[PDB]
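Between the sequences and the hints, there should be enough to build the whole structure, so can you do that?
2 protein chains.
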Amino acid sequence: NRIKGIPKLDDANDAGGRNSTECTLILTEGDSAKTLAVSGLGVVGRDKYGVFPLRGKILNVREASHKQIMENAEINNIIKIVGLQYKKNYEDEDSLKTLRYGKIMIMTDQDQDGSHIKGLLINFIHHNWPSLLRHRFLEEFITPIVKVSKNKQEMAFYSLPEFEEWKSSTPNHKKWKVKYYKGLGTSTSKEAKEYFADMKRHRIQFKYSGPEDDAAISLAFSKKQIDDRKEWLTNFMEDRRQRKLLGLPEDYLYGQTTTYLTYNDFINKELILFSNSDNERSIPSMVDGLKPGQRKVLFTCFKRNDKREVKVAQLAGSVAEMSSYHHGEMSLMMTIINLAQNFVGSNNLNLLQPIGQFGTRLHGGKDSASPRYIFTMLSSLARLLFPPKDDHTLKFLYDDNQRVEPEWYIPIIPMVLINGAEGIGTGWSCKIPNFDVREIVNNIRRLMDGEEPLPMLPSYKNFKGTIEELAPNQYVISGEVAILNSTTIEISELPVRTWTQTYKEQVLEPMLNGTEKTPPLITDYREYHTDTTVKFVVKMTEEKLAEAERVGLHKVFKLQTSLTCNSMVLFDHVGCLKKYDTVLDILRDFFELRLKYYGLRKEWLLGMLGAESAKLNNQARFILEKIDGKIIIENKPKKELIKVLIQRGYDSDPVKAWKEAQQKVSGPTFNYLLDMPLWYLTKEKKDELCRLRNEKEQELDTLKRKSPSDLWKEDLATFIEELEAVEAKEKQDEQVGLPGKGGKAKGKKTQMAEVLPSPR
Amino acid sequence: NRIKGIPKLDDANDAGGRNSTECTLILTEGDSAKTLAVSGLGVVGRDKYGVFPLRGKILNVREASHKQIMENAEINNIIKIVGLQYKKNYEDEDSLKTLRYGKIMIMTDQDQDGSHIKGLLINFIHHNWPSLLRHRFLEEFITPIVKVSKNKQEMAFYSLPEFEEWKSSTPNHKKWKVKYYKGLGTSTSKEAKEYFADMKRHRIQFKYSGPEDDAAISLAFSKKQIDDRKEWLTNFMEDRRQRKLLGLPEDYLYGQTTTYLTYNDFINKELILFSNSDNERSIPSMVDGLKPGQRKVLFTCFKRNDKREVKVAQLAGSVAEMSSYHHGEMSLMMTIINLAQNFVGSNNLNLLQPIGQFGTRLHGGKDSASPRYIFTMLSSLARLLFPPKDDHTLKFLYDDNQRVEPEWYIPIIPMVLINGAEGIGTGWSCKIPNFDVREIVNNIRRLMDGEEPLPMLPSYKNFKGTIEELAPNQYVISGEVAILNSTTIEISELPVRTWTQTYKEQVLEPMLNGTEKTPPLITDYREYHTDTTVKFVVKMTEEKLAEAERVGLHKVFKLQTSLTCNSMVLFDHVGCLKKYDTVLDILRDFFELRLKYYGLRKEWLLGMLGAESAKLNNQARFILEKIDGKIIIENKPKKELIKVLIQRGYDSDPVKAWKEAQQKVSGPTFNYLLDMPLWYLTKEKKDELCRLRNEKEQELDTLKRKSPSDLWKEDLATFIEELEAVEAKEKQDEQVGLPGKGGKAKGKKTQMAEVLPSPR
DNA sequence: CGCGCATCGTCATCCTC
DNA sequence: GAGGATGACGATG
DNA sequence: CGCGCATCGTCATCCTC
DNA sequence: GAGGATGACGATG
Ligand SMILES: COc1cc([C@@H]2c3cc4c(cc3[C@@H](O[C@@H]3O[C@@H]5CO[C@@H](C)O[C@H]5[C@H](O)[C@H]3O)[C@H]3COC(=O)[C@H]23)OCO4)cc(OC)c1O
Ligand SMILES: COc1cc([C@@H]2c3cc4c(cc3[C@@H](O[C@@H]3O[C@@H]5CO[C@@H](C)O[C@H]5[C@H](O)[C@H]3O)[C@H]3COC(=O)[C@H]23)OCO4)cc(OC)c1O
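As given, the protein sequences belong to chains W and E, one line each in that order.
Taken in order, the first sequence gives residues 433 to 1097, 1121 to 1215; the numbers are from the UniProt record's numbering.
Taken in order, the second sequence gives residues 433 to 1097, 1121 to 1215; the numbers are from the UniProt record's numbering.
Wrong hints could be hidden among the right ones.
Note: identical chains are not told apart, hence a pair may lie in one copy or across any two.
What the hints assert, rightly or not - Quick list of in silico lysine-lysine cross-link-like pairs, DSS-like style, CA-CA up to 30 Å:
(1) 625 / 1199
(2) 976 / 519
(3) 607 / 656
(4) 584 / 625
(5) 1071 / 1141
(6) 1201 / 1070
(7) 1140 / 1068
(8) 987 / 896
(9) 1088 / 987
(10) 1140 / 609
(11) 625 / 1201
(12) 606 / 499
Rather than coming from a laboratory, the hints here were simulated on the basis of the structure.
This is the structure:
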């Protein structure tokens, strides 16, 4: 028998014929790994090995409709290549011999995503063939993640904990050239030949023992065990925190030779890392209200001044260059676009100015132009929310031996409450609606004095619909409807989280023609659409209008939309998760966390300004002594000159002293006292240096005199003053667009509420 | 009647109903322009305007199979929306009234590609409905290409010749902020409202008069008028060259108000610009053997040192940042990959080192990994072929007010003859095979003395097949076949321009099973494939083997492949095109063009080294006079100090003098004599300055003494010395891969030639 | 570049009962 | 020997 | 990211005659 | 009033 249906399959020689019990099959993720596998098979052969590339995340089958199972074609190809049958038990070895392939070796990237894909495949095999997991049927191929090189020598490393241990236990570190490997395509032909040469180290077989592992597989993909996953991740996060505090290095895998691998260790040590990473990258933080993807772009934009505009494609390239982004520019351009939209419902405040078309409110925001068609630039509010004097306060990382972005930021407003937070993770998810900036500023000003904060309500910018609060953490939103004449009706505004094209295709189309059980309700509909406002004119029957009035126009046209707030899950200043209940709790927590840092900023700016003033004073004294003629540098050895300078009282660079004092947690230094060009030896510049040092002394005195607080008040005042101009320009943008002569239908407005709260 | 088939269509209100003669339809390219059109229609309305986005280059219908016409679905959608019929004449106004739309307004980018798309649409309409082009049925919408801004003032510009005229005729230039527009998506909502507000300036109607225009349309898309297009472009290129030489500014369009536009002017002024641009971007140059897309990347790589490796995505981002690339990063990543492949048949020499997988010789080179999976870095041969001292020799451009890449480069070898040249343009196309580098070096060394060059033969790197020359500019290539036993046969090497997967699917599959008229010839086939070499073992019938031997194995398995050389078309040092005939002609032309620049390089390096030495001498003299104590700068005004320095004999910066002398085609300057820090006032540094100036004097003396020639010989010697190490590493790469124990079948080889030359 | 299909937890409706 | 058909390739939609 | 289909001039075969 | 079904969303395969 042979296979000729799909061209992508590279069938082996004895596939389906005799000795099929030894014929294996390689499964690779994506299509790049197929190139590595084919390039490698040149050494082993084509008899017992076949390669078939996958597409991406495989459909979960433990809980899915049979129709959806039949819809996927990739699973159908997998069964057609292997030869499995749904209701056929495989107990005897003859049943295994019936199949066309003996073993299945999966190989993917050495990251969390490959681990997730492997878990999905194990679940797929176990859900419908439990007996095949006790005959050595599945196996894994692994690759190195980082290599070193120095004088024709290299050392392979498979796990980061092993690389960290090698760094901590070995001297002469950094002499080797580090080289990170992210994708399988990074390797070359020589590396592939070396990998397939050492089969006893990469090829790893699985092993099954004990029925408990079956529950473990369920523990990973049971839609009825959400709380079980919650506890399973909470215990792991607590253990990791305790181990980090005690300083004991945690355990890893793949270090020495491994003949087999238990499923229990496979799940409780590898997939949980994917779960933790996903929760870290898909849930915002209560401090900066951002995600690591957004944070990298915001840091890269802060690194350069960018006075002019900039293209999005080159911006993403620079972000990948400096922020160490390793998730594909395509997934990053969408995030950059999301950080700039300002239409109704998207964001009450933006950080990137909208130069171009960043998507209207018609096609789900996905109707944006190509990334090379659009331009962008930092808004005036970006550098105001983040004072430039806060870089020294926060802690950074050193991914890829490179000063990289920090873990959070310290704004002057809670960013979670201004731009919302919507994310789906593992075990927990997040859903936080928007609010109004002025109410937040008023509440913070009220709390700073000591008074009690006031209850707030989720609002939006440029929105005219009504919002009603019935139960705590529950809200209802209603749009705008009017009755122009006894026959016509007008829809002016739709509620948030509603798109004009979707609303039209899902409401006007079913109502225009008669459905299977309802007569055609509406008769005519016309659209008067703009970039921001909408206008629907619907003509119907007068009796139908009276009926809708008796029933309620909002219910008929689906204007009342409900929302709840029970997913208030965010990170902490330490890194743990908390289930928040009220917005005032987030406000008080942010207030205290911000209050803790005034002393740190004051203590950092103080001392540093004093040291700069002292350095200027030392430079002035050196210039004055040189003008006096005491210091002679005509033909004097560099060494003797340093010695005579020291006996004066002259010290090293205080900036270097502060850098050393910060880094605590080649001799003397007098370079800056001699790096000044001869231009400094004139009175025209001596006067400027004197006035500059006097200005620095005045600034230091004012800092010593002013309170550690009261800087917050000045910053808020400046922010409000800037927001006034920003909103003025935003309104002028519509005022220029304002046509003037246009249809302007006006009619009595019906405002209604649900008769029954129906509180749970 | 209504339309509900395609969702992308935004139907108007009176479409298909009454007053359809006034209902227009907007056609936009791509999908980004749909966002601009929809955002703009908010002001005009939804009654007489409808938008339908296109996909890209529309299929030409003047010469295409009816089956292919039926295959395209976009044309079917266009007819279904409009309502046209193939064999229905439209003469009376009632026939026009029968249609569902009155007019068609096309809008695209203001570049050459939009012009090409508009021409394709006009051809499509004229080919099957000649009568519709005399009733005001088609129209064009235009947008600005660049804008200026200074103090709430702006001036629109539609053509570059108009912008150049405004720059040349108006003072106070550069005060306005320039802003280039490339894509329609760049504009904002306010700009769209302003565009649709001034309908009398953008909306332009067409006009037809005289049957000659019909021939003009044929002149643009007649597959039987290739020579006519050749003459039509040659006359235009000659006219442009003469106008540039005379300095008279050429004519443009769209400047003042335009009620109509003739087809003759539409074709002889706009589409010809697209033809010229396409020929410029799709044909290599005889000087550097590159194309502008390759040239931009090669310049961007030259700008930075890049000692370490670099990612391809960030590299493309930097190229778009500095090289002013405006054709999409996706089209640029493929070019970057093409500039790095080194497998058999791709390139005899590469400029980017292959770190990763850049595609094997199996899937057409298209099996390369994702651009973020691969790394790259400049090869050691890049900076050797292009000496660093040649940037001053060539002329640059100032696209976007930015120092950008030059027009060509001056290597030490003809790059056209080493990496081939394959391109398809308009009116002309190019096809130049590869050659051997050592033969080129030997021929250049032979020509430099004065001897006669030798005939060469197209060769390839890492190739074992035979090459035969029968007619001039014609060649035949044969692979490698052997007879292992009286039954089996072995194929070792396939000819160039042949892919293993394609050769297998197009030869082994038809031969394995019996075709409609042939019995199954082969019986068994097995593959022993590697990354570089191939091995096919085919088992067949002994009688069939004798029959194939009687007929010829090369003919049976398609091993002999012919190639011709009649498309030797390249640019010139001036910019014109020439139809070359022999390779020796290209070699002699390159030799003379290179010989012309030795004097220029010598004259540039001379004088410049002398000026640097003079500047060092002036600095040393100033330091010596200061040590003597004659020059006093204690408390002296900046102005009086300059005056006393001048009376000494001290001059300005000679580097500035050379920069001014080059730029020919605020007073005194003594900054560098005072920008030296105090460290220079010690003997330890005075000795170093003295030795440095002595070294500069020696270098200048050697330059004055050596011949203007003989630098070419030293550069060639260094290049050969480096190529020795490069080839040694390349061979070692296979030697490490060399498995050792493997199947090594050896058999008698049959070498054959066509019995009849069959010369034309 | 556009549509192609996938995870993962809450939930607002949506179709039966 | 003598004519029509067609895909091959590369920068861009 | 993979396959989706298009131009444009020469030409090596490829299927009839 | 009471239960199962399902798509909605966003960073990534
Ligand atoms: C096809 O070959 C591979 C594909 C992938 C996936 C992928 C997989 C898909 C799929 C699409 C995609 C696609 O994502 C899409 O991007 C789109 C970009 O425009 C925006 C508007 O909309 C996005 C889609 O929301 C998203 O779904 C790829 C982007 O980069 C990836 O990593 C994605 O539809 C079918 O299955 C991974 C691979 O190996 C690692 C592959 O070999
Ligand atoms: C769909 O929406 C639009 C598409 C386009 C075209 C395009 C058009 C296509 C089409 C594909 C393409 C595609 O090219 C493809 O890229 C591929 C990239 O990977 C490599 C391996 O292979 C390339 C294909 O050889 C090439 O054909 C686009 C890339 O950027 C463009 O400019 C291309 O197949 C169907 O018609 C322009 C638009 O507006 C301006 C659009 O709105």
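Here is how each hint holds up against the structure:
| no. | hint | in the structure |
| --- | --- | --- |
| 1 | 625 / 1199 | between (75 Å within a copy, 19 Å between copies) |
| 2 | 976 / 519 | neither (56 Å within a copy, 48 Å between copies) |
| 3 | 607 / 656 | neither (52 Å within a copy, 68 Å between copies) |
| 4 | 584 / 625 | within (17 Å within a copy, 66 Å between copies) |
| 5 | 1071 / 1141 | both (28 Å within a copy, 16 Å between copies) |
| 6 | 1201 / 1070 | neither (87 Å within a copy, 75 Å between copies) |
| 7 | 1140 / 1068 | both (26 Å within a copy, 11 Å between copies) |
| 8 | 987 / 896 | within (19 Å within a copy, 80 Å between copies) |
| 9 | 1088 / 987 | neither (70 Å within a copy, 79 Å between copies) |
| 10 | 1140 / 609 | neither (47 Å within a copy, 35 Å between copies) |
| 11 | 625 / 1201 | between (77 Å within a copy, 25 Å between copies) |
| 12 | 606 / 499 | neither (56 Å within a copy, 66 Å between copies) |
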